[PDB]
Each structure stands twice: as structure tokens, then as C-alpha cells.
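Listed below, chain by chain, are the residues.
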Amino acid sequence: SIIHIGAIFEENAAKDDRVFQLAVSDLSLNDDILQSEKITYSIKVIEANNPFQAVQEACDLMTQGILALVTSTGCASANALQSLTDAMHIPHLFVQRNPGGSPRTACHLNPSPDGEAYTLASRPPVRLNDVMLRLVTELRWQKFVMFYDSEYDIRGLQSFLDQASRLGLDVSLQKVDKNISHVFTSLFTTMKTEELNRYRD
Amino acid sequence: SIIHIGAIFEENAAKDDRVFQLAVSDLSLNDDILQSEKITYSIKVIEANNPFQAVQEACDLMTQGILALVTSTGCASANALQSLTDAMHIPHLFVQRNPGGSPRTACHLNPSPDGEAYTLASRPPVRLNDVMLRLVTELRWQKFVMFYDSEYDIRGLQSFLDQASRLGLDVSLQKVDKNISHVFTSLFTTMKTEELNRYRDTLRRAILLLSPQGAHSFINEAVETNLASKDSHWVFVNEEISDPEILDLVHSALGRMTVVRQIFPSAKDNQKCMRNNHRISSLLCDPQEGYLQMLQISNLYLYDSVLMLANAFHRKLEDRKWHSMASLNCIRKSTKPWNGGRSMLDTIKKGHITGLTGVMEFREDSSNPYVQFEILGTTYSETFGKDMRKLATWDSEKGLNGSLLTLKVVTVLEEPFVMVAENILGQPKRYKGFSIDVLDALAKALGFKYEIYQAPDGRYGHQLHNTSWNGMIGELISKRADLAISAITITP
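Quick mapping for you: the protein sequence lines, in order, are chains D and C. With the entry's author numbering, letter number 130 in the first sequence gets 131, and the count goes up by one each step, no holes. Reading the second sequence from the start, the letters are residues 2 to 405, 417 to 504 in the entry's author numbering.
Next up, chain D with everything else stripped away, as it sits in the complex:
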């Protein structure tokens, strides 16, 4: 029929297919059943945060015929594509998208037959909350401020938020924007300078 896999590359797709196609050529060279045998791929470089562009590739792949489903795409392009590969029986190897420059919290899975849910998550659940449970207690700090950029999903501290609600920590949560030159302006022009000094302390 066809010897074919698929791919959709976001962010810097030039880095993605540079890492992809070289290892594809190396492992097509090096496979004791696929000795010099060409697995074919259809990389679709898509626009940023447009998962339907990945999905119309994957339904095109269904109209092509594929072997497995390897990707690095958004979590909105994981639910439809898993239940798409449900009836046609394709492994749904899913790699979650990047949050934008923030560290990653893993995305929620959707209602499905669990155990029969085979969206193969290559990226583990975030376990820095296990560390941050301990760091506030080994260095013993009750008052501090947590900060963030606008590129993160603020749910991702949820058990760390619950233990900090019950640990008695009184910790501010404060947004930082991208223009760092305007940061000190929006601090100093807005804060009174002794209030600034209070927040300095």
C-alpha cells in the first residue's frame, strides 16, 4: 500500500525537521529489519497555535494510510486525533506543545474510556511541585512572592497552592510583562516610593 508516517512541526520547525530528518536517515541506515528501507514522512509546517492545521494533515494521513502517529503538537490536537485513531487503530504518540517560554505544566486528559485511552504521552506530568513542597520547608520561608510571565497556565501549582494555603504562607502572585524597561516604570510611577520600599523589603 504505502510506507508512510506523518509529522507536524511548530515553533522553530527548522530545528524540528533538522532533528527529525537526520535521525530518520540515521535509523533508516541502522535498523535490522529496515536496512536501507525508506520510511516516508509528510512534515506539515503549520502556523502557531492552529491545531486544525495539524488535524487536516492527520485526516489526510488517514486518507493516505500510516503506521503510527508521531507528532509534537498542541493538546487541542490530541483528543480528536486520539479518538480518530480509535476506530482505525493507530498508536497516538502525542508530544505536548510548548507554553511559550514558561516551563511546562502537562495538559489535562479528556473524558474517554480510560485504559482504552491510548494517547501515548511522551511527556511526563510535572513534578517540580514535589520539589517546591520541600524548598519552602528546608529553607523555611513563610513570606515571599511568586512571579510569572504571561506564557504560563496558572493552574499548574494546584497542589502546591493547596499546601501553601494550609502551610500558612502569605505569598503574593505578581505578573511580569515582556518589556523589562517599562517594568521599572510601571513599578515606580505606580507605587509610592515608601510603598515601593515596603515591597522592596
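It is possible that some hints are incorrect.
[As the list claims (entries may be wrong)] Partial selection, computed: residues in chain C whose CB lies under 7 Å from chain D: (1) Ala49; (2) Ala77; (3) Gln175; (4) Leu401; (5) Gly403.
[As the list claims (entries may be wrong)] Listing some non-contacts, in silico: residues in chain D with all C-beta distances to chain C over 12 Å: (6) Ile4; (7) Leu23; (8) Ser29; (9) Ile34; (10) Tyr42; (11) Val71; (12) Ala77; (13) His90; (14) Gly116; (15) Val127; (16) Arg141; (17) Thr194.
[Stated by the list, open to error] With a cut-off of at most 25 Å between alpha-carbon atoms, the simulated DSS-like pairs for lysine-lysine come out as follows: (18) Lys144(D) / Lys491(C); (19) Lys176(C) / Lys144(D); (20) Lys144(D) / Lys193(C); (21) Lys45(C) / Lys16(C).
By construction, these hints were calculated from the structure, which means they are not laboratory data. Here a beta-carbon is modelled for each residue, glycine too, at the ideal position from N, C-alpha and C.
Following the hints, complete the assembly by docking chain C onto the known chain D.
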């Protein structure tokens, strides 16, 4: 020439199956433009949070041919159809699913030229941040914790929380599982009774986003475990609540109450059934029992969407042009959008009606900018009960239009402060002395309560060899009493 519409429902499709067939039931019956020219509809049901089944019940219905949509679905399925609506430009009215007990929180949208989307924020969006500003204004809050249920997303109302974190505030946040008696089983173990004291004192200004019957029983077990009195202020937050349902909240609720929901501009719902020579079922024209006392969003979206369909058949059919779907293969990637769908966008998206929520429109920004909440407080009366009355009203164009103790003494036997007024066996009942009067003048001139311990050592307690204090001293350093009133020669 077909008049076919469609339906794709997820999660609790049963009331989803109910409302849309009622939305077409009186549509060939009471809508006057297409009166007894029958409007057909193939209601299709998908599994909860599955966009692939939604596309199977969308593009097949396209091949079957469809005209208009009266639709609500969730978060994860909407953004893929949003990028579809950037890539196929489909006319669609949207309501995000509310998980219940807490309000819905908005799902993140793709970056797009706004005006074309699957999600338009037909619901009144996240706004309660300035509603949060009014009690830290009025009652001047310093510490507070949100009680939100297990299925609440805390991203929408972050806007108050960051800037108030820039005002030196203190905060906590607690997610709440459903078995609320078992929640207190999880708490009374982890809470000591002095921790129960400090947490009730943290609980004098409550913030609640909780599952309804669970929230009623949470009121009852706050009353029974005496976590409340007429000082304890309570904030309830959910849009999904009926008008007698708040009265059903306040039966055991006997403290300071505050409940917010989406209350419309003030107008009479009677005589609104006869609108545009139609017979629109409403709260007194069809007072369906077991269907009003518990709210869901599908009945607010029932009234406006079919009146928009009456405006659609009025305008679009009389504007000399006809449009019916010439389909495209959603499996194919060279199928451009259908040519006359730009007309059907104005059939759905950017029209103009004035419903019970006031004017509902959409433009090239795809949001709802204005929200009017009404912000009420308590009124004490042990006979007519708690009847929530207007402290103020709110709008998202001005902010708020208006505004809104027992302790353990511990005893050491002493010569001047202690003189036995009455004694019994083992541990006596009540002494007298000077520090009795010191204890008195507080409780008689401040209006709160007291309890009394006795020290097991009672001998001017000392810095032990245990790096510890005995007597009356370490009891407040193990922190197992509250107050100590004696001859205290203070050391640094």
C-alpha cells in the same frame, strides 16, 4: 431548497437534547416567517470532550446540508473548531459548558483576526475581579481563601488577585472535593481545636464556589461545628443558581450573606411571552416543575437564540438572497470554504437583537465587553428569615453602583490574684482576686467570651533543661491555651 439545521451535543446531552428540540418545536409553530413550512433537524450526540465525533456530526451534516446552529460545547473541542473557523469560516454561536457548583472559566483562544471564531463569548465573561474589589474596599480585607470545588478553573479571576497581591495582602486557595462531610473528615483530623479556632477566625469572611446541595450541607456543618455566627461574612459565587434557590441557601445560613449571579437589567418577564406575534415559553407561561428551581445555561440560551432565529428569518430571507450549503470534503485539504457562507455568518454571528440580557451583538472583536451583576447583602429577621436585599448594584462600566470570641485563660494558684470564692473536689470551680477583674473588664467592655484552664505546675514556670518552658509559660509555647493573666516579671 432545504431548511435543515443541526445539533452536536457532548456531556449531559439529555438536557442538550431537550432544549434544542424545544427550540425547533415552537419554531414551525410560533415563528411567523416560516410558519408550518417545516424546519428539520437531526440531533446528533457525541461523547463528552471528543472533537473527532463533533467533526463527524458536523461535516456529514454539511453533506446532508445545514443552515443554522444553536449550540453549546466545552473547552477542548472548541479551539480546534476555532482554528477550523479560521480555516473554513463557519457561522456559529457558542456557550462553554459550566461544570456546576462553580462558574465556568474561559478556555484559551487561538490568536486570530477577531470576528471569525467558533467561540464568541455569548455568555457574560469573567468580570468578578472588580466585584472582589468592593469588600476589600468596604470590609477592608487582609486575609482570605477561596473555596472552589474540584472542577473549578482559577485562571479567569486572576486579575483582582495579582494587583491585590501588589497591595501587601495575604491569600490562600483551597480546592474542594465533593463529599463535604468527608472534607471535614479530612480537616478535623488535620485540624486541632485551636487550629479550628484560628481557621474559623480565618473563616469569618468566606469565599465559596461550591457544589449546590453539598454547599447547603456545608452550611449546615459549619453551623453544627459552630464555624459561623452573625459576624461571619459569606461570599457565594456561581452564575448557575435560580431565584428561590438562594432562599434555599439561606435557611441554615444565619450570618452575613453575599451571593452574586448574573442578574439582568430590571424588566418584567411577564408579557414577554407574546413577542413578535410568537408564543415564547417563559418562567410563568411554561413554569415547568423541577426545571426552574435548578438553573442551567441552556434556558438562558433558549430565549435569545430562537429570537435571533426569528430575526434571521425576518432579515435574511427577506433580503432577496437565498443560501444553502454547497458542501466540501473536510477530509480534503484543497476544499476552500463555501462562497455564500459570508452571508450565513450574518445569519448567525454579527446580527442585532435585544433580549433579556439587553443587546446581544458580535463584531470584529468577538467578545462580550459589558456585564451587569447585582451585589446584595443580608437582612436579619428570625421570622421572615434571611431575605437578600440590595446593598448595591454592579456594572462593568463603572464598578459597584453603591457600596457593601471565646478564649482559654489558664490559672496559676497565687496569693493576691487567687483567692478561692468557692471550691469543690479535685479541681475547684471559681476563685476571686484582682486578675479576675482584669479578666472581667475585657469581657464586660468588649462583648466577647472566655474559658479557663489551670496549670499542671503553677509555680512561675521556668526555662527548662528541655529548651522549653513549664508551668503557665510553655502552655502558650506549646500554644495549647490562649491567655495568661498573672504577676509577670518580663524578661527579653
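When the hints from earlier in the document are held up against this structure, which numbers fail? 4, 5, 12
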